[PDB]
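It is the complex with one fewer protein chain than it really has, and the rest are unchanged in position.
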């Protein structure tokens, strides 16, 4: 059984409350897909004489696709206004034998809706893409052993605003 | 039963009266599809020292596709002349069990036809794309409960001319 | 029964006499398809202080596709020479129950062949695309009632050379 | 029966003798397809005060596709050297009931091979595209009546080097 | 039987320990595909008067595609931070009758993760592309005789940082 599901929750002063009725994500947004891109310009053939490298990594926006729903106008206005959210969390699920597993969890700190792109076609459920831009990110991947049983998590992080491996927006 | 339908009405001094015979949209335009794009350039890693952020959101034109019909020359001339309409309303429908639901309603204030792109091919019903540019927008999404019964509406808005969350073109 | 047909007639000093044997369009060109584009740059968020707006609409060429035939060299030479035609008329037909209807009629005033693009492939009837550029246009769409019976025509027009809604090239 | 065939003959000091064994085109090149493009920049909304218009038409190269054969190295060298040919003739054939008809004939005056693009793939007969650039062109289209019987030819021409409707390279 | 498999191991201060349970690559990353590009600008029609040629080869990043797994956040952070690895080794396998053969082995010296591009779609196993940039490379191709039996290896190398055929990053 496929048990794929992705859920998003906004946490800030402005509310983007979703429609999900999943017991573990009541009021979260249900989304269909996710894509990202990270690009590091640092040279492998030149090095700084000292401890300062000018360039830094570029993180692209995280882009999600979702069905149009009651959260859509909320996203459209939030994008237009440039409202900042303290945190956004995204949980990713897949099948794990008899129950699902949250294999990936992403937390974004100091977040804006950078784009929304809605369409209604003649055929098919209407959908929109939306992008998120952020100051810091914490990624957690949940491992399992050969029996599919949960082993330890791998947690990594990056602060674009501090240029350090921290889940922190401020200095 | 699929009950998809999109209807557009122009409201201004210049008439773009449509062909629809739908009881609830007599004389509106029937259209086939819609697409939009909203892009916010605001940074998540830098902030203004004060309360002024230079950049603002960019709303792309709202683009509709429709069959060529008697409104087509009206659109072609309105686009050519750059006539402004006080308001344009778009109603979006889908199935809701035994009757249809208007799941999305968009009102645009101070509107121009920014483009029209008609084609007649050897095969298929002739169609055209047309785009609308506007000073302000009000979006209403009509929610339903788990039984499909109407719950409360979500209404949001944005004024490009005022740079505020208002359905107003003028200051 | 599909009764799709498009006919073009050039009216000027230089003759581009066609091959059609249709009783109502003897010697017109038979063409297969048509495409156009109209783009209005006027802003919806800024307005002139006075009555003058700098920019004007851009009409793209009207582009037609036709089978290669005896008119082809006539088009190739007319395009090369830049001959101007006083008028070009295009009639568009579709089925209307037992007889066809001219649903769209376009008249172009002060017209040049702006491009011709012929091909002969290994397979298929050879065809060419050709484009027309013009000073003014009159568009007529022929309406029908719910019984398919002719109702009134919708006629609109635009003069690119006068920047007014007129079917006139000269001032 | 399809009787499609295109034949090309070079006429100049440098020989590009072909492989055809067709009785009417012995030693011509057999080619598979042809494409061209003619673009006229003249405005329909502005006119010269006098009798001089600056811009002129742009004729693209005539591009042919053919199987690789013994003429291929001849084309490759002629293109490399920039050899000029006094004339190149191209005859185009299609079915006409019981016999074929030369529906199109093109003569090019003062001609260069402007490009050659050969490929050998794992599958399929190797082919190359080649382009011809020229000073003047004469196009002849052979008409037929409703019975398919030959009627009169349509002959048109253009000199790029003289900017007149003449089949002449020199002044 | 297809026995295709590609394995990657990072060797540096920062750990990117993988998930593989293959007996010969325990804890390596399993990857699905690889692509590269090498471009030499040196002219064949001009030569230096002396022994110095200005330009040098450009090696593109080596790009791998892999399933998302517990190493993914490790790659995302390593790319973000620009961590350098002393060495990365990649082993490539295919079938060789009754057992597999390592037909290609690549060692990269002084290596950075230059890009990572993860996606989760509605359908299909989530994957990411990642790119590696490096100072030097050693390529080993393992040959076999007509009986499929191992013959001698072909080993070649290049140092981008020294511009010589050496597997060395430093001078």
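Per-chain numbering from 1; labels A, B, C, D and E assigned in written order.
To be clear about the criterion, a contact is a pair of C-beta atoms (placed from the backbone, for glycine too) under 8 Å apart; a residue touches a chain by one contact, two chains touch by 3 or more.
A.B. asks: Among D:119, D:149 or D:164, single out the residue that touches the unshown chain.
C.D. replies: Touching the chain that is not displayed is residue D:119.
A.B. asks: Hey, which chain D residues sit against the chain that's not shown?
C.D. replies: 19, 21, 68-74, 76-77, 79-82, 84, 110-122, 133-135, 160-161
A.B. asks: Can you list, in ascending order, the chain E residues touching the missing chain?
C.D. replies: That gives, for chain E, the contact residues 4, 6, 32-45, 53, 57, 59, 92, 103-104, 139-141, 143, 146, 154-158, 165.
The working rule: only the chains that are shown with their structure count from here on.
A.B. asks: Averaging over Cα atoms per chain, report the distance between chain A and chain B in Å.
C.D. replies: Each chain reduced to its C-alpha mean, chain A and chain B end up 29 Å apart.
A.B. asks: What is the distance, in whole Å, between the centres of chain B and chain E, each centre taken as the mean of its C-alpha atoms?
C.D. replies: 51
A.B. asks: With chains as vertices and touches as edges, which is it: line, ring, star, complete or other?
C.D. replies: The chain contacts form an open line.
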